[PDB]
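Okay, so here's just one chain, in structure tokens, the form solved without the RNA.
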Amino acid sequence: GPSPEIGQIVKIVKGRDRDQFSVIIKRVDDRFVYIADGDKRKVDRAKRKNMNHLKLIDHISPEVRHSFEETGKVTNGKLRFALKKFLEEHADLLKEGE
């Protein structure tokens, strides 16, 4: 199975923000990660999640990864922009959402 990566997009399967997209910002191991989206869940409220409660998406933000590699942190706004790029790719899949 694919191993979760820093900067990788997830869809939340179970949790407060079920069905919403988020970003992995820390990997404990392949079972537990921390997520934040910079909006509904800010970095200082990052949530520890069991991977059973997440769907890994095939999208990884190099900008988020760089921020962590160099400095060990990321801003909320950089997470929002990472998610926005994902949303832009899939706009036509999502445009009938209400």
Contents of the next structure:
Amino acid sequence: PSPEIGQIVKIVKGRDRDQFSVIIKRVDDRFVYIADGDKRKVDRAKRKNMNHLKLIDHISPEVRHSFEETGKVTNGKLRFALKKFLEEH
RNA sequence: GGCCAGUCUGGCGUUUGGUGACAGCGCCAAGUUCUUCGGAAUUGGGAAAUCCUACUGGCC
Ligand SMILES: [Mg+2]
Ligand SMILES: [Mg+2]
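So that was the form solved without the RNA. Now I'd like the form solved in complex with the RNA, please.
So here's everything in the complex, that chain up top.
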């Protein structure tokens, strides 16, 4: 399906491959921006062709809510979303 | 399959650039060429091409 804001992804291509990240912006049907709040923080988020990601069936409500209510997300909240995702899987 | 734009010796490491193939950086190796023997240049196949294998992105 379509990538969603706050969705967890596994990077499959690029030098950041095999890491987990969070979708923080959907440019169009092909390109997104991802960030993990650690080695790739929001202010320098990584542009990605969606075909170079694997969509994981987990969407963080805290990240999605933070964009709706505040228009942005903190690196702290990204790190929490990923750390919480890894614990449940 | 067609069209357009790209990538290149191998291994390990990589908070850097790139959507990506990759590149850059550190280390160990390999091929090619040159050498004043101290070293120097270079890296898919090709003498080379609007050429070709593989691979990457886009359109169909
Ligand atoms: Mg190289
Ligand atoms: Mg193609």
